[PDB]
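Work the whole structure out from these sequences, hints included.
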Amino acid sequence: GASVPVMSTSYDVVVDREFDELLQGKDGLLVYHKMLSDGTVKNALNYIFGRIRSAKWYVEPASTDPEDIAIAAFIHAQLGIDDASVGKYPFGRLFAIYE
Amino acid sequence: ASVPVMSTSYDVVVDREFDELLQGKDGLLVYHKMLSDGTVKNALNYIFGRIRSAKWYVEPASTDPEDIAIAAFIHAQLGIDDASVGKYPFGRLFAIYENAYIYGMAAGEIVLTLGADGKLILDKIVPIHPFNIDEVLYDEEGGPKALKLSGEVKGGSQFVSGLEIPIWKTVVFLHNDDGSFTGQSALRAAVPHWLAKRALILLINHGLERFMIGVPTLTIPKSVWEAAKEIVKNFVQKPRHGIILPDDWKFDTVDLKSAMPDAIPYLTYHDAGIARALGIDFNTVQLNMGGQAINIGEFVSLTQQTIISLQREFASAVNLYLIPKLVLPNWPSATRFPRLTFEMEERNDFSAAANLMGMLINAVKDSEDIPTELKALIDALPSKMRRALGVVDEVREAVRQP
Amino acid sequence: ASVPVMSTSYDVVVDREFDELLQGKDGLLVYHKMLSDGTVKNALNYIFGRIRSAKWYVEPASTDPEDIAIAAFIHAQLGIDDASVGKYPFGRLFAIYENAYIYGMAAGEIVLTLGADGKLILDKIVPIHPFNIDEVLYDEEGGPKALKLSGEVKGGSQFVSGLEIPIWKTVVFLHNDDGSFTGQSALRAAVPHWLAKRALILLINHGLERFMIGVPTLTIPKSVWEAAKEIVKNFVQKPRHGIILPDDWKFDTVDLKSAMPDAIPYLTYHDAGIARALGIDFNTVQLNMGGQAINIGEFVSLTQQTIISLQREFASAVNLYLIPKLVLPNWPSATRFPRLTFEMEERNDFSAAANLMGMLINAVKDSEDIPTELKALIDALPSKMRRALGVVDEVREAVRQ
Numbered sequence: 028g029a030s031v032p033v034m035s036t037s038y039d040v041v042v043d044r045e046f047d048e049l050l051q052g053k054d055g056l057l058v059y060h061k062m063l064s065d066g067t068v069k070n071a072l073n074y075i076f077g078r079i080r081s082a083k084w085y086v087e088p089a090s091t092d093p094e095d096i097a098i099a100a101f102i103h104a105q106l107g108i109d110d111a112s113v114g115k116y117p118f119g120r121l122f123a124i125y126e
Numbered sequence: 029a030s031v032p033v034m035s036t037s038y039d040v041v042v043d044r045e046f047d048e049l050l051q052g053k054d055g056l057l058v059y060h061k062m063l064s065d066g067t068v069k070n071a072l073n074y075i076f077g078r079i080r081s082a083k084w085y086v087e088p089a090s091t092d093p094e095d096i097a098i099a100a101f102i103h104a105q106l107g108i109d110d111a112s113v114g115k116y117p118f119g120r121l122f123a124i125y126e127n128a129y130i131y132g133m134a135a136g137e138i139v140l141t142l143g144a145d146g147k148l149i150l151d152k153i154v155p156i157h158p159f160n161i162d163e164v165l166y167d168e169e170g171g172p173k174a175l176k177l178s179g180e181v182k183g184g185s186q187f188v189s190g191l192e193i194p195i196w197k198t199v200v201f202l203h204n205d206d207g208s209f210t211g212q213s214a215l216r217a218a219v220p221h222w223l224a225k226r227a228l229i230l231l232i233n234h235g236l237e238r239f240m241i242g243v244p245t246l247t248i249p250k251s252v259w260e261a262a263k264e265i266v267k268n269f270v271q272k273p274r275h276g277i278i279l280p281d282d283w284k285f286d287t288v289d290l291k292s293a294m295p296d297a298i299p300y301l302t303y304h305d306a307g308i309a310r311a312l313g314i315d316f317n318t319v320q321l322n323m324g325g326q327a328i329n330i331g332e333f334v335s336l337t338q339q340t341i342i343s344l345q346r347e348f349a350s351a352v353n354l355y356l357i358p359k360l361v362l363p364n365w366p367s368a369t370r371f372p373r374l375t376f377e378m379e380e381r382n383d384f385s386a387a388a389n390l391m392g393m394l395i396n397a398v399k400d401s402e403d404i405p406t407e408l409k410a411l412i413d414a415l416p417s418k419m420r421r422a423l424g425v426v427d428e429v430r431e432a433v434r435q436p
Numbered sequence: 029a030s031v032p033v034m035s036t037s038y039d040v041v042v043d044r045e046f047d048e049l050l051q052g053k054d055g056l057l058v059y060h061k062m063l064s065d066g067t068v069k070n071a072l073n074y075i076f077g078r079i080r081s082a083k084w085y086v087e088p089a090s091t092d093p094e095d096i097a098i099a100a101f102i103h104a105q106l107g108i109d110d111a112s113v114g115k116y117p118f119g120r121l122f123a124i125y126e127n128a129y130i131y132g133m134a135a136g137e138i139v140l141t142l143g144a145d146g147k148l149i150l151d152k153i154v155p156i157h158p159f160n161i162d163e164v165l166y167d168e169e170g171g172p173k174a175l176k177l178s179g180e181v182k183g184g185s186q187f188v189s190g191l192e193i194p195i196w197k198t199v200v201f202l203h204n205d206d207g208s209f210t211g212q213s214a215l216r217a218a219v220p221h222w223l224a225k226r227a228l229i230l231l232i233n234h235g236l237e238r239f240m241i242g243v244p245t246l247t248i249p250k251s252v259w260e261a262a263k264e265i266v267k268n269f270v271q272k273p274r275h276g277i278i279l280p281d282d283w284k285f286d287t288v289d290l291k292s293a294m295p296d297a298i299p300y301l302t303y304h305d306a307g308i309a310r311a312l313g314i315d316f317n318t319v320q321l322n323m324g325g326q327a328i329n330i331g332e333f334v335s336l337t338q339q340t341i342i343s344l345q346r347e348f349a350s351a352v353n354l355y356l357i358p359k360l361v362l363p364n365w366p367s368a369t370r371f372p373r374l375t376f377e378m379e380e381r382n383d384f385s386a387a388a389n390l391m392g393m394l395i396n397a398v399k400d401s402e403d404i405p406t407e408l409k410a411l412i413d414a415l416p417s418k419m420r421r422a423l424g425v426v427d428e429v430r431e432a433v434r435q
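Residue numbers (the UniProt record's numbering), protein chains in the order written: chain A, 28 to 126; chain B, 29 to 252, 259 to 436; chain C, 29 to 252, 259 to 435.
Be aware that one or more of the hints could be misleading.
Stated by the list, open to error - Distance windows between CB atoms, simulated:
no., chain 1, residue 1, chain 2, residue 2, range
1, B, 113, A, 60, 23 to 33 Å
2, C, 415, B, 43, 48 to 58 Å
3, C, 249, B, 227, 37 to 47 Å
4, B, 380, C, 419, 19 to 29 Å
Claimed, not checked - To spell it out: a stretch of chain C is covered by chain B in this simulated footprint if at least three of its residues, at any positions, have a beta carbon under 8 Å from a beta carbon of chain B; those stretches are:
no., stretch
5, 58–69
6, 126–139
7, 166–173
8, 239–245
9, 383–390
10, 401–414
The hints are simulated quantities; they were obtained by calculation from the structure and are not laboratory data.
We treat Cβ as the ideally placed atom computed from N, Cα and C, and that holds for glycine.
Below is the structure:
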């Protein structure tokens with residue numbers, strides 16, 4: 028196994044990638060939440076999130092072997108992969124979490 | 029070798045850097061701050077996306093079946109596919125490379141495990157952030173030997189102090205190595221424009237208020259007051275309130291004597307200059323707005339010369355540090371290795387190429403084995419014609435063999 | 029030779045340079061500083077990318093099978109491929125050449141090892157930076173003999189002082205050698221514009237504040259004070275605060291009497307002039323913005339005449355210093371050598387060329403061996419038609435067997 032541990036992105040005033048005290052931790056999350064009521068922000072997210080979802084999602088097998096195809100077919104059915112990426116209920120919930 | 033690797037140092041230049049504000053870890057804080065600039069981020073999103081989208085594949089060391097089989101193994105380790113999604117480690121390598129672009133150097137520890145077919149396979153790549161690198165250690169000829177690391181273990185359990193990792197356990201990415209083994213941030217030449225933009229925004233702010241609101245003055249008898263302070267305050271804050279004055283008090287705003295200078299074109303000069311400094315050849319601030327060149331496509335192709343170089347630098351690190359470490363434990367006598375490479379994307383010649391594709395198919399149409407004759411005809415074409423059709427991926431063909 | 033190589037020196041010109049600020053290693057510091065200018069960096073990123081992307085291949089000394097086999101060996105040593113990624117040493121040669129472009133001269137030590145097939149093969153190229161070159165040493169006819177080096181070993185173990193390396197162990201890249209063996213920075217003719225741009229930015233800064241803010245003046249009785263200093267300070271810093279004056283104090287800003295001069299076009303003249311000075315023939319500061327020529331492609335093609343010359347200069351150094359050093363230990367009687375070369379890219383003629391390719395295929399379609407008849411027909415075409423299809427790489431064909 029690995030001899031090097033995963034370390035934080037921290038140096039001097041940068042703590043876990045963030046230098047601005049107003050945006051550190053959960054206080055920062057309130058700023059981002061407030062930004063959601065800005066029309067330009069919302070306009071941009073509507074486009075980005077739409078385009079992501081519209082990307083013609085499918086399942087690629089681990090190989091062309093019939094066994095790998097059958098496992099892939101099982102996963103395809105679990106997500107409800109279809110032409111519009113509507114899918115079964117859990118599929119759309121994954122995108123909502125990702126947003 | 030009779031000549032050692034030497035530092036790129038003379039007079040005020042130490043390891044490629046003359047500006048004391050950007051030397052060593054202090055410099056890394058500047059580059060980190062630049063990441064919260066919208067223009068920087070816009071430019072990185074484009075560059076890093078395009079890099080990743082380059083249709084990565086594996087080329088064998090030769091057409092020999094042995095070299096094909098080794099290349100097919102490497103293809104499977106990375107999960108090479110049409111979208112370059114790949115298996116988990118593949119995307120992690122790009123994330124490490126992005127740090128090297130931003131900061132000058134980054135690395136990852138290569139961790140192997142025993143695979144299902146009796147091969148040593150890639151388990152994971154542990155990223156190593158430049159904030160947590162104390163220094164690179166060198167041998168007596170100036171070749172890199174080890175990384176020495178210090179930093180906090182994620183979650184705060186412990187501080188690591190001077191942990192040494194030999195270089196043969198790592199992949200190291202340097203941006204624009206000049207031969208000394210010293211990487212440099214791609215953001216280096218953008219720092220002046222970034223500083224200038226910020227200073228201009230400050231100056232513009234200070235100007236706009238005075239022209240928008242007016243600087244109120246009230247001249248009152250040498251005799252004389260709360261009412262005077264309230265008049266000037268209310269002019270700024272409550273312009274609807276209106277000003278009642280005795281006949282020996284005089285109210286005026288300061289005559290600035292000119293219209294406000296229009297600083298937007300100078301601001302967008304500096305701001306867009308940030309992206310120019312990264313080798314982007316279309317204006318990333320004005321983007322599609324304003325009167326402009328008809329053939330935007332050509333500026334995007336010019337920008338490809340920058341991005342393709344970055345793709346080569348990524349590939350070369352994978353080819354030197356990672357691939358041999360995956361091949362040698364399973365084929366100990368290997369002297370030549372497969373290479374990660376990509377499809378050159380410089381021009382849009384797809385319509386003409388697809389037309390040529392059609393003529394080749396039509397030519398071989400009455401063959402009893404159309405795929406084999408088509409491939410033989412393709413490999414006989416002159417270079418420019420062959421390359422326009424894309425890659426005839428013999429490694430992919432080997433992998434897809436059930 | 030009865031004539032020695034002489035320096036390019038006369039009167040104030042010493043080794044091609046007249047400006048004392050750019051002579052010798054002091055000059056190299058100026059060029060290094062220019063690398064942190066955005067316009068310089070933009071131009072180098074494009075030039076160095078385009079050079080690398082030129083579809084590098086190896087041409088044999090002749091069509092003889094022997095020369096083909098030697099060329100195939102060189103092809104394998106460099107890892108010549110469709111993207112010009114190559115094996116590690118290939119990209120290191122370009123990095124050394126980039127130093128020579130920037131600084132005038134750079135070099136690399138060629139290190140060989142015994143390969144698996146009993147051949148001497150390339151192990152590595154040790155780069156030699158111009159900061160670490162003391163001087164080139166010359167024989168009595170003025171031909172280069174050696175490099176003398178001084179510098180710190182990477183990692184700080186030791187200082188190397190006057191190490192001499194014979195020239196036959198090196199590849200030397202010079203940019204624009206004029207025949208004296210003296211390279212010159214490609215940035216030389218960009219220095220005036222670079223200096224002027226920086227001075228203009230300084231001047232613009234000094235102008236903008238005075239027009240944006242106003243230079244406050246307060247005239248007070250000969251009688252007279260802390261309050262006066264605070265009024266002028268607050269006008270600048272706290273314009274919302276507002277000014278209460280006794281009736282014998284008078285506040286005004288300085289009347290500058292004109293609108294601020296618009297210096298942006300003069301600034302962009304100098305700034306874009308930096309790239310012009312490198313032989314780039316499209317505006318790299320304005321780029322796609324503003325009213326402009328319809329056919330940008332043509333300005334890109336003009337720029338190719340500069341870039342292609344750089345490609346020739348790189349190739350010629352590889353062909354003179356490196357390739358013979360790889361051939362001779364394995365074929366000791368070799369007198370003619372393979373050459374690194376590239377595909378000329380001047381014009382976009384791809385749509386017409388692909389149409390011609392189609393007509394050739396259709397013509398040879400009923401052949402019993404389409405690839406052989408197609409190659410014979412191609413090599414018989416007139417030059418312009420043949421070249422438009424691209425390279426029929428016999429060395430590549432040999433390697434792919």
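Violated hints - listed by number, lowest first: 7
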